[PDB]
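Next up is one chain by itself, shown in structure tokens, the form solved without the partner chain.
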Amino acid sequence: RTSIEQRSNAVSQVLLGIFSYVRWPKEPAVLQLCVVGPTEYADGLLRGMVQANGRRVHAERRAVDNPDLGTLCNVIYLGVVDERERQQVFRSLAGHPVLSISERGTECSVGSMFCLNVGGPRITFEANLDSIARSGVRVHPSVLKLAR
């Protein structure tokens, strides 16, 4: 088990944690997670997960230019995208109750609700309060006590 695989497992754990503080308007039987864009640490998510409450997280890659990301995804995990592509992605998410998390987040002021920082001894993450308010989903404010 090398440190990319170990960081990937940790990435899984962190997302599961974050999920426990989010609520969807109409809660689905299976939580759809979409991995979108190039990613380095998503191989654990893609093996599928299960929440403490029993609900299954089904994970799948989807293309950046997939117009239906808003209706196909409950959670999106966003990898490397350029400017045109990210506002392409979020145009598809606008109007829908979707939790968004990006694998890299140097500053996290535009785009995803949450931005991981996977480098370093432990995984940390930042929260985008605007994104969270315009999100469609409900975020228990306790989750901010879990961020940097």
Given for the second form:
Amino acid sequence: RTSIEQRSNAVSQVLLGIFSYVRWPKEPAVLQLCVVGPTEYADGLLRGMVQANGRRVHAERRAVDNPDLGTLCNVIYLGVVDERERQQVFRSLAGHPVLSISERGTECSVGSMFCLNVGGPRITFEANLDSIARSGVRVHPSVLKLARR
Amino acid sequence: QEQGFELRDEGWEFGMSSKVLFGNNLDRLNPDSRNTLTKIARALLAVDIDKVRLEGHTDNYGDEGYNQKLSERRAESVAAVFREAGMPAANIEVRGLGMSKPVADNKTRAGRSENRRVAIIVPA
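For comparison with the form solved without the partner chain, provide the form deposited with the partner chain bound.
Entire complex below, previous chain first.
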């Protein structure tokens, strides 16, 4: 009932939504978004975005085994990776101030702060507050109203 | 849309001090953990969330079966606090994962300590 382009645009919108409830301890001039691992719904992200506060979002794909993901991005959009790959990615991110969002929402027990459910009439997400607490970034609770819109 | 840019200094309850950690072999919440939890519960109810999944965990010390049950007790202690804060009982799912999903390195005291936790998950 929804196309791939509709879903990708909806993913772009919900990510901008979520970013607006987030604060980094050192706010960059340009927000760095990294798309990591195989994705279906990231093509919109990768054209680049502008936040409502004026700040540009620069998007690139990076490799799962890049050891510096944690210093190269403010945000990671994580695709459909293996358990070994997922462990690799979060080991690299640990202790760095990074917002993590997964495309798929089957495994939100550990790792990503937000896990999207994109198939269906609207995008929803789960939020893992333990992952948020460990993230090094501030996330306001009212971000949770985006999942119900 | 992007209404979060309107937010000023009020209600930032999900920071570094909002992890829910436990002592070695303990399944009871200390006074400050109860406090954090009541505040998290209040924050969630303030944004119209009254449904939650609570996932308990252990470090990898000892028997796997014992640890599975300890992880359930930890999630149960958290559930009781959400109920006393006013969250409806039927809307709180409890789950124990035992030792199987660590967040931190089990080979250090500090890492094992980060693993003895309950993760509050907010579903769609």
